[PDB]
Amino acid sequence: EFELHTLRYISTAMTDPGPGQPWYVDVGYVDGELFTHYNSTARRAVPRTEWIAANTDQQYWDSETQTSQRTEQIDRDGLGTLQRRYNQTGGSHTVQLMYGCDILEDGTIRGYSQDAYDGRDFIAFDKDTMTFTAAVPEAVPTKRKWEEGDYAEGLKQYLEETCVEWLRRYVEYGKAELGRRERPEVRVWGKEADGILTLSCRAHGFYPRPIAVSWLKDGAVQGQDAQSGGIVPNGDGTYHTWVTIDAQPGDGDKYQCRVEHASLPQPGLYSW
């Protein structure tokens, strides 16, 4: 992974949340870990990690709350504005915002801010040229709006300075958690089931996210009929992944799951 640290804020506005569900939700991640949350019901920006709560005061959260309530306001109008521009009424629609900064592996800094309507690219900031990139004709009026005045200047300033400044603080605040390594606990299972042996390898509770899980046959990497579920989250911030492979019944002994992860000094080999 090229990126060393990341700060990402996202938000969602919807016309059809579901019954009793908040129509607006915003959250923030540091190095992929959820550290703050707000929604249109609670109406409060709140801490989601101990290390953030331990290093912030009430005025900090009042400011985040104020910012979130403003973003909610903007989105409340937004849903209408964009429906109008797409000549739509009622139905299920969404507005999504995603922005933040990345500190890569040699000191390089990245900054982004992009929006989507009904889960499709709508518009994205191009801080290099200080313009906004319209994905569709319906975004042109927004582009025009945003390129007026000093809005673009402020957004660039936030992404390149403010965002980074705070990312480095957060990374400092929670380095004990964020910089830790949790060992995976692995299970290999087999199911005999239909003239086909299906072997399964599961790595439970590893951290950080990056991991490499492979099936070996007779010592050699394999390849065919391997299926992976990718990396999925646990409730506690650690991660989970499962890989399966189809084999011929009785060949169980020939297979090994191989796990490569930062927490392990040497790749782990697991048999059924």
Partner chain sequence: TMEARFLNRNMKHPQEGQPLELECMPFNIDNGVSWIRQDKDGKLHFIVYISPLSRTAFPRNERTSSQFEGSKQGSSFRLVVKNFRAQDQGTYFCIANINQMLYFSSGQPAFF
Second form
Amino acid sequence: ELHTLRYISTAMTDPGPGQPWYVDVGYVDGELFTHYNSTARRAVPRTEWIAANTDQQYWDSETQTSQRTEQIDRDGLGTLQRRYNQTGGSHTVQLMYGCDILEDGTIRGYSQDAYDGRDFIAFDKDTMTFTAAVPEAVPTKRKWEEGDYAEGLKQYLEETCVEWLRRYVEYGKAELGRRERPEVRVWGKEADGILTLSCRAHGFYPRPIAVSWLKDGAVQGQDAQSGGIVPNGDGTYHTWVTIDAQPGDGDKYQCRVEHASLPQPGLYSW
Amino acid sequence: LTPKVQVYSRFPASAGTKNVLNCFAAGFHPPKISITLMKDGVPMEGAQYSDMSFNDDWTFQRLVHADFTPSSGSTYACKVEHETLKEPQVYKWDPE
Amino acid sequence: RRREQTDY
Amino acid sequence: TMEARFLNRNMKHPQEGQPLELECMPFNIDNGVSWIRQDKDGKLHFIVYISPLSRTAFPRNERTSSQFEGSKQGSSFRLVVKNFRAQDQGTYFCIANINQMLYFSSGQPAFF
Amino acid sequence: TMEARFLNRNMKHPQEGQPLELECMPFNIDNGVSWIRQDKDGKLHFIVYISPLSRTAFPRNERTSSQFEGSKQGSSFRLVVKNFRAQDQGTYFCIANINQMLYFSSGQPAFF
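For comparison with the form deposited without the partner chain, would you give the structure of this protein in the form solved in complex with the partner chain?
First the chain shown before, then all remaining chains and molecules of the complex.
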């Protein structure tokens, strides 16, 4: 039901060991499907359903767009660096935009930019305006509210974005609607009289998962500690959840895993 | 803020079965980061770095992974270097 | 498809 | 940083006998949230918990309500009072329990 | 059910610059609780979580507080404001998360 198209981009004065300074990437339903960077200079496919359904003119046009935006943000880094009266150092421009078709069937679109990791300027589609988060964004707002660029952005986020999302979702219907069952391992360690149970779910897809601990049949809302959902290197996901207990109550805990690839929730023990 | 680091295998480890070791760092800033997979203090080879990405709060993330065959009596870890840390931090992997 | 941007 | 609001940004007060949609965008959506209503007196009422799989749980342990609808929509959590009446007046909060810590969204007043 | 309170019920107001001990009677004492404070504004603040192992969890994933103490003793839960200031005024509530459902104590006002 839910489908998402999202493009994000980062320009940095200090990209770090091994890194290009400009990188923009796209995701469909959470899945990285296209990539561009300032070293390769070319927008390239990243899945097999986008490559199988795209010509070269698509990729050359995406590359031209990405080069235009690469120097747009090259200029923007210097512009903001001395707009803040800064004489070098570590600075970052980030942008993220896209559209969502939600589970009730309505559409939403968004676009927002950050300087140095904090909200810089956001798009209020409805007002066709640009809300400034900092004084230094009152300038950019004006530059972005002249001409019809705002209306073009609205029309992109409401029409172009959503139909390209629909087409991408059709291209990869088999791959994105796939389901991978996680394997759950329950482990245990005793430290200083406290027994700590770990529950690890390896290699599940899609990303939405609900892992809970249960003590004598009841979910331990406030006692579980989790590392969140972390990615595997292959399009699958991982998560671990720990809980503390007294040794001797160790066999009353059950790890319950709720995931789309399970018709019934998985119950696992130590 | 400082990176939050997790070290985990792609499959539950069993000595002799091939697997992938992953070190994931999230929630940090600036994007500059150094992440290295090590076995017995030596950098592992065939290691790869995911592209630079961030989440909804603008905080950045990187995944580093390497194919490997786990061996007990050999320790696997991940070395992280970031501006917000005075010194490198090393995260041990638990084979479980 | 990516969208076009303007200068900061 | 997290805040609950009317899904309609024009709405200023609920209306008697009719549905009211509230909404809350958590900073992290790998976790469910809980909707609660606070009276003006201050008593807090649990309404529903919505899991990251758009799984909803009301008082008793039920998943079915005459009186509320919960759902996950994109990167948001949604509460619907199917027929808003006087008892449903109050300030509506959204609550995320992540890593044994509790996070509270901004309250949304809902009075006739 | 649950009540978060003054451990001295003769006490009617906290005292400036001195520790203030609140206490909490759960319906079930096999579960931890969470202490919260509600402001004058109405804003809610997470203070501490106390596990059935008398282990607490402070904001941004800690167990170190130079201004609060949590623990559970006998059949009750304890919150201690080490040095109660005007900064700490508000209504103190207790929260139990059982089976993904939230239970709220009645609440204790704490104002000078």
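Think of the rigid core as the biggest set of C-alphas that the two forms share within 1.5 Å after superposition. Residue numbers count along the first chain shown, from 1.
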query: Comparing between the two forms on the rigid core, is the C-alpha shift at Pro233 2 Å or larger?
result: no
query: By the 2 angstroms cut-off, has the C-alpha of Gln59 moved between the two forms once the rigid core is superposed?
result: no
query: What is the magnitude, in angstrom, of the C-alpha shift at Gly252 between the two forms when the rigid core serves as the superposition reference?
result: 1.9
- line: Rigid core fixed, the Cα of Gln224 shifts between the two forms, in Å, by 4.7
